[PDB]
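Visitor: Take a look at the letters that make up each chain.
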Amino acid sequence: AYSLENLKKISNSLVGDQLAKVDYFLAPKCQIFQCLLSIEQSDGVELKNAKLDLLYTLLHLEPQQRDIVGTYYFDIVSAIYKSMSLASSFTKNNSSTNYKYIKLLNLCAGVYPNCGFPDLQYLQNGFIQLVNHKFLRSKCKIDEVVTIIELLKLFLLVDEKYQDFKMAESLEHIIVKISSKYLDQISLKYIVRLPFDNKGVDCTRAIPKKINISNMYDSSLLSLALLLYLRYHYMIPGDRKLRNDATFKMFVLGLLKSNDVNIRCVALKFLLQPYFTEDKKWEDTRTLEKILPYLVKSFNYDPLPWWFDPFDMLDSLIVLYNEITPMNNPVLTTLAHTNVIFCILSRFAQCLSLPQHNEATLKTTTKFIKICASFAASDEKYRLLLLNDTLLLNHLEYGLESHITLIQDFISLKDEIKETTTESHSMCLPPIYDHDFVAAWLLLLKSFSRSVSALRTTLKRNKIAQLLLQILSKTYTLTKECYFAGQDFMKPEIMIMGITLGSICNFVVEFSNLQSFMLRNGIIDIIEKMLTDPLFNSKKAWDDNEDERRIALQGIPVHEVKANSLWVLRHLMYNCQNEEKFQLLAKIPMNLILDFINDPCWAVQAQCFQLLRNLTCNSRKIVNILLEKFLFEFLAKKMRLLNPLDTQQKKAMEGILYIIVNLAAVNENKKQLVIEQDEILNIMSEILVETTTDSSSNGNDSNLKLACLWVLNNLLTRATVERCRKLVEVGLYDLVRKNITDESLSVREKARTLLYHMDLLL
Amino acid sequence: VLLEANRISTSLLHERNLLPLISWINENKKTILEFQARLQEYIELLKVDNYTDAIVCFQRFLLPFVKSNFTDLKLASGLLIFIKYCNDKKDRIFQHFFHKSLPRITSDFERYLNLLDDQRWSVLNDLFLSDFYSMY
Amino acid sequence: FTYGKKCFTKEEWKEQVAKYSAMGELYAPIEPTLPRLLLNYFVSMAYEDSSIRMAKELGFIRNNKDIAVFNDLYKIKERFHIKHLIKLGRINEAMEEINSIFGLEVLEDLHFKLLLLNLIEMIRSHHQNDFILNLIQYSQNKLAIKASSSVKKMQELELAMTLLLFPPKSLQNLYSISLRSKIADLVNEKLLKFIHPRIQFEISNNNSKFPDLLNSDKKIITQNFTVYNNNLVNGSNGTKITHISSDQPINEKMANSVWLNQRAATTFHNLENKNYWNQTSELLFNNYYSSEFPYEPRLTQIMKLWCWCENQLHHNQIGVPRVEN
Amino acid sequence: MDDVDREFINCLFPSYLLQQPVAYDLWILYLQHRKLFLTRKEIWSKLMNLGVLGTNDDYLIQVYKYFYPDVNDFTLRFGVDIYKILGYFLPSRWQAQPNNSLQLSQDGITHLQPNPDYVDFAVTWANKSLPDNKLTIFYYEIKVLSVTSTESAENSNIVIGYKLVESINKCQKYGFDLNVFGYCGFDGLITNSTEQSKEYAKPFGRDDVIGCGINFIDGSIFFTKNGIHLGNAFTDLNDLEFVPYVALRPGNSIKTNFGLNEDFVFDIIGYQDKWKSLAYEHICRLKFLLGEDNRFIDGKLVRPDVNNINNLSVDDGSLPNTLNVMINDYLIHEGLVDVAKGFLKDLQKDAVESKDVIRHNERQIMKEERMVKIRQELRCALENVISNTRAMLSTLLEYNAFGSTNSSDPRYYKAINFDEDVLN
Amino acid sequence: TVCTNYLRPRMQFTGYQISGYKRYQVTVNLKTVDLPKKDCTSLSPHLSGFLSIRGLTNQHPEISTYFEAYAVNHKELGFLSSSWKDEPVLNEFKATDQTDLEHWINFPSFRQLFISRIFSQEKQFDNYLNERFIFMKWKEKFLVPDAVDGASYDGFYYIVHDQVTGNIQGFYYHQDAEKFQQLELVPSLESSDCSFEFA
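Protein chains in written order, with the working numbering: chain Z, 9 to 770; chain W, 580 to 715; chain S, 316 to 640; chain X, 7 to 430; chain P, 239 to 437.
Next up, chain Z with everything else stripped away, as it sits in the complex:
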């Protein structure tokens, strides 16, 4: 606890011995800390190094030793973050001291990450200055290079939820100044069908020879610089960027075949980021075809960096081509043609049936379940292929029952748990260890439920429906009664609810057996309870008792549940008589539906409008109820505000147009009422004018054209002649006549028959 002679001996008597290390944390010897981590801006440069070495040695404990020592360890770590004055003088300290301090900081962030580190900007400034001054001018020393390596490693770990420009510039300069030494190793011979160095064609299916980096420091620097540059560069404007260059792209493709695993992983990440970020890049199947073999080959290397995850990228690619262009998945075809789909399915089956599980195996199984759900998203082939097993459904029910049992056990023991866990963890409680597993199972079930054949022959069980209802009720009750666990415990369960409502909304549709089952067991009551909660319906008020609940659950995103609730209600009223209509309206009155009409989420608006359509769909009474419940300019304003270039917004627009269609058929009075209003006629005129040459406004769509033509058809004894003449005067005869030349047979036939009827009546 004194001069260097003592500290060096203590350090040399503390290497690899956990017993003395954990003994130093006991009361008689804790006095060493009062001198060890109280480092002023004095006392030589050897003393600082010795103290930092001693701190690094002491804090090196295996996890069970950490459990033995207790909270004093984390108190020491917090004191390291908050009461050490070396980050501020980073530019003034000696290089070796900086290296040792950064290594200590890396260990501290790796052992106890939740504790806040308040001095990042000093380190960013020091890093930028150091690299921009010393490194790029080649007047560098060994410790400075290693310090840059450590700083990059530390910066990589940050969560992140003007100096950015300087950091991006420094990183790109690093990348160029290190890679320029190796560009002359690129080689690629190819044959193109119709001198050299033209580079006319690079769609040749082959990639250059491997590129090997001899220097290890160069390997580390290149890898970490590429990773962090990937983190920053898209928020930086300008032209002639690094990502868009051709020689660099060839360099990275060559790097794919290297030996360093980190190099291969970072090359894969750099090459695959544009698909998720850049737009229209998804129509570049050649690059995916020439890349995918290495992404597949990456599953086999044992020591993998923590920032790499082949499962997640493969799942993201599959989800991208499922979501944007279904019925054609180049990843799925490329995988199925080359036996790897079967290997994945077999490994899923093997992992599902191990004799003994633990945490790691549970996570692996969760990943496999998610990827298998991704396969069966938009292809009946894999749906039936997975369902030919006749053993998945048992495991599905087992997992759902396990989660239900855990939730029941928690809700039963609510009072005792709250009483014994309110002083230390008042609103900070970990989530249940089962959330991801049941989430993956629910995704798989939702993917299965899209095929009507499966809904009618192999998913025609009652246990599934009962379990779904139980999960919904239990999760909402847990939200209601146990709001003392904060957001960290609450967010996963709300996610589960959002997934399960969407999985239900397929079972409840018509021409499915289980609709009567769900109606008998009362989904409407549960949805009615959820729709009046002030946590969901934002046009209500909280009582005097719920203030703690509101402040505990203020910052949680809840719109999937609202959208799926309205979705289920829509599916409940698809092609049904007036008895069920009036029953549901007796339970849920019109006020709630009209209250969900101005939500700031577009999906909620779309689902509300579609439900309104299906509600007024062939009903002479509910149209009167809706008309009384308000008048028309709201619909015109909605159609004017909504952007037809957006999928959900386009769905909302189609919903409103068909609401007008249903509105203009109840009686002649309604027909004249909708004829009288003039703005909507202007929207129809703006819709119909768009053609192949002019596809700017409203995107030149055919469904909207058919909807407008249907509106016009529904508008048809002298009053009818007057309306016909008014439509002719407003500029509709010319529009329908010019529609005869469109590119889709449906609108052509509808236009010709409408024109004939109009002329015949006129």
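By construction, these hints were calculated from the structure, which means they are not laboratory data. All C-beta atoms in this analysis are idealised placements derived from N, C-alpha and C, irrespective of residue type, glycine included. Be careful, since some hints might not be right.
To be verified - Just some of the chain S residues that point at chain W, by a computed CB distance under 8 Å:
#	residue
1	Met338
2	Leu341
3	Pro344
4	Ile345
5	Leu450
6	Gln452
7	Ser454
8	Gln455
9	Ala459
10	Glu473
11	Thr477
12	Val573
13	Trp574
Since the structure of chain Z is already known, use the hints to place chains W, S, X and P on it.
Guide: Positioned in the frame of chain Z, the structure of chains W, S, X and P alone reads:
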């Protein structure tokens, strides 16, 4: 009588948990019970923290038995070290629900366990019983 | 009693050699690449005088200052000193020297072997009852926790203790002196692998004229050790799909993590259980060349290969004349 | 042998072959026909002026291209019949059949299609065969580029693979016989599977690229599709000579690649390097005198009953001692006496049986110094190890030698390029 | 994914099926419809619905079955059965080429559109959705309410559809039948749009 002595020895092995009054096996084999009995004495003495007598008996009664069997001596010597480690609401709530453990506020030896199972008493008594029966 | 397939004569073998001996010259009957091999061997085994003289002979030495720079760069003196200390028997001093000259990173497995060798050294020194108690205390304090990580380490522990309680076979082996030399060679190779990257950087960054004697530039090397396995996700299996072969629910076949509350403030990613795939694949081809076969005296492995080739020729009834002198 | 020669070699022959112990023969061929012969582009231009780089021109014009990186521009913007002459004995082209039954481009590579004016299969095989005792890996590729427009958008009528060299009516009628190892492209079946192994792969289609490789260490034939490697198809096929073999129906057509002037798609070099690394790991993971060979009698070699002939190893310390003796003798032979004296001093210092090495070395040094003094006042046993190691590796490759008492164990000696790997 | 005027999700069809000398009643109710507009690789059915018939054998007055349907678009779904893939889902639609040609030729629209000549000229076709006629195949899967009377349904239909009027013609085919059993359907009329969407 044969049966009386057999029952007394079996009870002393089973009911009581002490090896003495096994002197017959100690002085009459002349034809693996001796080595097993000596090893059981060693382990029984080492179960209590006594060491010096354990070292003496190891050097005295197990040293000559090295030519035939060697692995069991290795296991015994390893136990001589590993004995100190092999043998012996909120936390229950956290373990059952979240699979997490709070810090305490302070601010694969399967072979060795097999060498300490109490079934060794039963198997040793069984071996003595079988030898005594087949020898009379 | 006779080979049978092909018994080369002396002239036939000489002709066979001269058929391909001409290829040595145009890759770098003389061998133009042997002086570099001699220098590599002299440096790797920490032979200071031989390395100095051989480097001087090739033109890399021009005065005493370059001698000092070479000896500092390749750490010949310190590695020789550590090797000599370990060989002599004094080992705690070897650990102190390693910690001082190089750093704690060299030891923060080889430390377990060093502690064992210390135990055998003190046992051997004692032979020239409380002594046993003191050694049991020492071992229980220092080696037990390290040995509790695998199985073979345990076997080392009870081998040591059976030797200790002894006043045989496979024990005179561990009581022999050559163990010291094997340990010293292991430490030497470990130190070379530890300090290679600094040598590379100093040769590259500085415009030095010294040669890289390890892993010449026209190759590739790395410090990691990776494994490639084919019994995993690949397209090498048939078009056949297995199926579930169990019925027990997963929850019936199933702690250690710690829950911490925090105290703008920056937080870091939690790496708790992110290598799950590696630990899970174990329940369902490695880069030895580049990562582990630049770090030996090249002449040693050439001799190994020559011996293996002669034996392989003998097994297959092909007879060739040997090498005499 | 300037770097220009190395560039010519690297430009001419396939890349993955130069890294095997067959490159010696290729260097021999080039040295024999040497008379015909940044700066990399200059050498490429010299090759193009008289050689093979350029343009078959009626409807399907082809042109060859090299990639060329502009390093200076990058740092500025972002900174702060020949093979007939050479005698190339590996296969390089298809063989035109005597009967006018199939049309192939003048190159024999660019386009192959059965003759329409001439249903029975039209079959052919490569021009050269594969010697079984020279290579370690061979690999060629095909790209189908037309389908009968009837089978499917993903189904062909091609049989591609190898044929065992020395009937053909069976090949014409069915597609194969007992001597063909191939990958049928209409049903996805391995030729002559007949072992319940009908689960190998799916049939290929319109733009698929297929490689048919043979590995001589395992003795196996495998196939790859579109880059991904399907597993071994046939096993235990050593000591046989094969030839590339194709069979087409009158609708299909293919384009071949043997690796001379185009890059592969599979990355064969990595697959070869894995085997090379495995072999290297397998190999390398008084009583020290090299006296006269005792097993010579009457001039003819006789063998003993002992299992091994070289008992040197690093466990007993015999190998380091023999190596030290050899190094000292080499040093003595070629000048360098002060280096030998320093080596003796270091050997003395390190040691605390090696005394025999010290005594022998000092005796040799004293003898050499005495001879030098006599020579002044009057007015190699180590190269042999490298030479003999190269010769024995060549011999083991020439006569097919067993792995270890079995004709199925891998023959690891094949995956060693001694000069390019061990000495450099 | 496109639906046309007369293939809307809820659109009825009525007519007759002529077997022997008798003709039984028929009724088709569409349930789900979607047809690709571009390259198609997935195996999701293009159409699905009900095929309730009545007036069959006396064992039951009426039987209802659920059927799935694939349209022909001259790419990867050509006229013959050779051009189709080999999948367990599609293998119920496949028969020999000669019988496919003989069945196709009896339609007075397949002729007006025009052995290997048809395959050769198929590739010239373009934008099947902008055509007067659409060809497709229907196959039964199971019984509607049961999920029985001696009537087999292991054959498939040969539907042709006229877009401007809505007419549906076609022949039934199975190995053990009279090989010519035909059916004709009419639109059988509608001013409202109750629509759903799978999630």
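Visitor: Could you run down the list of hints and mark each one as holding or not?
Guide: Do the hints match the structure? See the list:
1. For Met338/S, the interface hint is violated, since its Cβ never comes within 8 Å of a Cβ in chain W; the closest pair sits about 55 Å apart.
2. At a threshold of 8 Å, the smallest CB-CB gap from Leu341/S to chain W is about 58 Å, leaving the interface hint violated.
3. Of the supplied interface hints, the one on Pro344/S is violated, with its beta-carbon coming no nearer than about 56 Å to a beta-carbon of chain W, more than 8 Å.
4. Because the beta carbon of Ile345/S sits about 56 Å from the nearest beta carbon in chain W, more than 8 Å, this interface hint is broken.
5. Against a cut-off of 8 Å between C-beta atoms, the interface hint on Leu450/S is violated, since the closest Cβ of chain W lies about 11 Å away.
6. For the restraint placing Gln452/S at the interface with chain W, the shortest Cβ-Cβ distance is roughly 10 Å, beyond the 8 Å limit, so the hint is violated.
7. Interface restraint check: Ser454/S against chain W, minimum CB-CB distance 6 Å, threshold 8 Å, status holds.
8. Of the supplied interface hints, the one on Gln455/S holds, with its beta-carbon coming within about 6 Å of a beta-carbon of chain W, less than 8 Å.
9. Look at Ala459/S: its Cβ gets to within about 6 Å of chain W, closer than 8 Å, so that hint holds up.
10. Look at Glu473/S: its Cβ gets to within about 4 Å of chain W, closer than 8 Å, so that hint holds up.
11. Here the hint on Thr477/S is kept, as its CB sits about 5 Å from the closest CB of chain W, short of 8 Å.
12. At about 6 Å, the closest approach between the beta carbon of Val573/S and any beta carbon in chain W falls short of 8 Å, and the interface hint on this residue holds.
13. Taking 8 Å as the C-beta contact cut-off toward chain W, the hint placing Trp574/S at the interface holds, the least distance being around 4 Å.
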